[PDB]
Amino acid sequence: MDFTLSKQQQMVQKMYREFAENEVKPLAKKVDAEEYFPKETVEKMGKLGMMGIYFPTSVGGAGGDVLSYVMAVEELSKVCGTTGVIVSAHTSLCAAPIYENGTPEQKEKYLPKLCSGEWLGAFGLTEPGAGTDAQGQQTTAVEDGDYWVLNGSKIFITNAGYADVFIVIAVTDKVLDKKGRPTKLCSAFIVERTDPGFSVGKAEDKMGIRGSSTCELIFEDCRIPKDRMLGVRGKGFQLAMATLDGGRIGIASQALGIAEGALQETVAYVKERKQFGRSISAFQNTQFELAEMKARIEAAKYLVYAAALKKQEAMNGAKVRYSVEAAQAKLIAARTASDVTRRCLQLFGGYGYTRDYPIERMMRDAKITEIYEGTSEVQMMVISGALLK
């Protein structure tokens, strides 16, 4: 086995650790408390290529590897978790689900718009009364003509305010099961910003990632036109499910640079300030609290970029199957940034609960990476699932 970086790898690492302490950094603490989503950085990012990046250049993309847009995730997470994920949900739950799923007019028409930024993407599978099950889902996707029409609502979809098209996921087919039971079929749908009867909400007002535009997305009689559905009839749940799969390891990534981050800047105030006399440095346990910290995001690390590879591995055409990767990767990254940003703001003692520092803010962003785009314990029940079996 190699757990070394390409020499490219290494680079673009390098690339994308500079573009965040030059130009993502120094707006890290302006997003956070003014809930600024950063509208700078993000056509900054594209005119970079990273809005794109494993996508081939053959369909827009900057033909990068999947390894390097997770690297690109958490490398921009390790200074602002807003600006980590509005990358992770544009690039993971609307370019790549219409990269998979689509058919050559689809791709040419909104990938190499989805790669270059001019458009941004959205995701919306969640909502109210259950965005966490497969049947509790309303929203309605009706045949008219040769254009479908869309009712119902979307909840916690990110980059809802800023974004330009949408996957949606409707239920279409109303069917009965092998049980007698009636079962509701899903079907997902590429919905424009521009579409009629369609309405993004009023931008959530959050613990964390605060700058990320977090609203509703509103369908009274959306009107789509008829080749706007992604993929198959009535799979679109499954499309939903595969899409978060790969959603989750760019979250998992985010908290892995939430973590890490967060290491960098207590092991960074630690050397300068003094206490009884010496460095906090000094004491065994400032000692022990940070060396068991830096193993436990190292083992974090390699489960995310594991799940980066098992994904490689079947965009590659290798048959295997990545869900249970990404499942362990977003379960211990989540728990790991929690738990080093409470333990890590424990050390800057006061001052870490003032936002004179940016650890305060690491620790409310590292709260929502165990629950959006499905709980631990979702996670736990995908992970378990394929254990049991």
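For the two forms, the rigid core is made up of the largest set of C-alpha atoms that agree within 1.5 Å on superposition. Residue numbers count along the first chain shown, from 1. First, how it differs from the form deposited in another entry.
- Core-superposed comparison between the two forms: the Cα of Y372 travels less than 2 Å.
- The Cα position of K25 differs by less than 2 Å between the two forms after fitting on the rigid core.
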Given for the second form:
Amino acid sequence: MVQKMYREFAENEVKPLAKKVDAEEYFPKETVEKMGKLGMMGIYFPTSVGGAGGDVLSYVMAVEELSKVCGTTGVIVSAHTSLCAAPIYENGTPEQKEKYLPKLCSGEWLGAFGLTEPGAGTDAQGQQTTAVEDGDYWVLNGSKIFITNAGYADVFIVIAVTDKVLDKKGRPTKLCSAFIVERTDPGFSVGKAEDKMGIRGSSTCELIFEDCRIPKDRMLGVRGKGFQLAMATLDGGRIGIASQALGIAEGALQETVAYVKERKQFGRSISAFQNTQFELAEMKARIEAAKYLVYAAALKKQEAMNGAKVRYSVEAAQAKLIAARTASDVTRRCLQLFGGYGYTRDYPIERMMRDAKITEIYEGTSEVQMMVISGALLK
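Instead of the form deposited in one PDB entry shown above, give the structure for the form deposited in another entry, please.
Nothing else is written out below except the one chain.
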């Protein structure tokens, strides 16, 4: 009753704004605040922490419905929910939960997450942002690159190097910890918005820590287990991105069906040619196959959230790998069915193709997803 339900909720919230968001690199604060007033920034979190008391699948559906019409809007929510609000709720203390989750789930605060560094993006373990103890404070130094929501975010999750310890075989190893960084923390700046191929309305900025001293109780999770917390967070985030890729491919298919039904070239609708029919049919099935992967991932996560001791990293990895590749594949072929008109800004299909490309890259590339799947498989 929450799953079937919210799908219409999210379907009615629609996209008269997607063209200007993309064309003008414009962050949609109107949509974000409407979402806060609607509970869409706190969906699967319990009401005891400020959330809307929904389930993980309803969150996935919301992202997918938004991403059908604006990939940028889907990633703003997804990143804020899965990458900032989720690790607080999943590893934070009652005090940490109460101080941060009510304002994140209501929309009052926007959340971001910084792991990626210039030389340690895929090698997220070999990073160089550091954190040292100073009495009752921590002192951070370094930078984070390509951080979603960063220009408009109020709270940031930051992974920094806290200890340099030894491994079993004497090789020095770096241990990280997660830190809750507020936008007002001194010595913390947000750089300029990057110029991207797509999801342009999304604020992708650099983080700069120049002696950012934060209170001692901003440490999230177990000291030195920050890498494990980061990888656990990305597992939930990868379900979010997979649901984004799914909506882009679904939105692209939606528009293409409408277009081929009305345009006629040889005296008949373009939909009357067999090639058009087979392309749309094969694409739809591929999209359906990806939809169930995404849906299966979301509820395996729900199982883990409900106390069951199950792992969902593999399911999430499979979902993001297949959804992202399906999204790029569907958008390219759908643009083909538009002909020359699909190469212009009159229609959204060109934006959707640019937007689809990112889902294969960010929050862990497809290659990293295959490392996850094969690791479980070959073990």
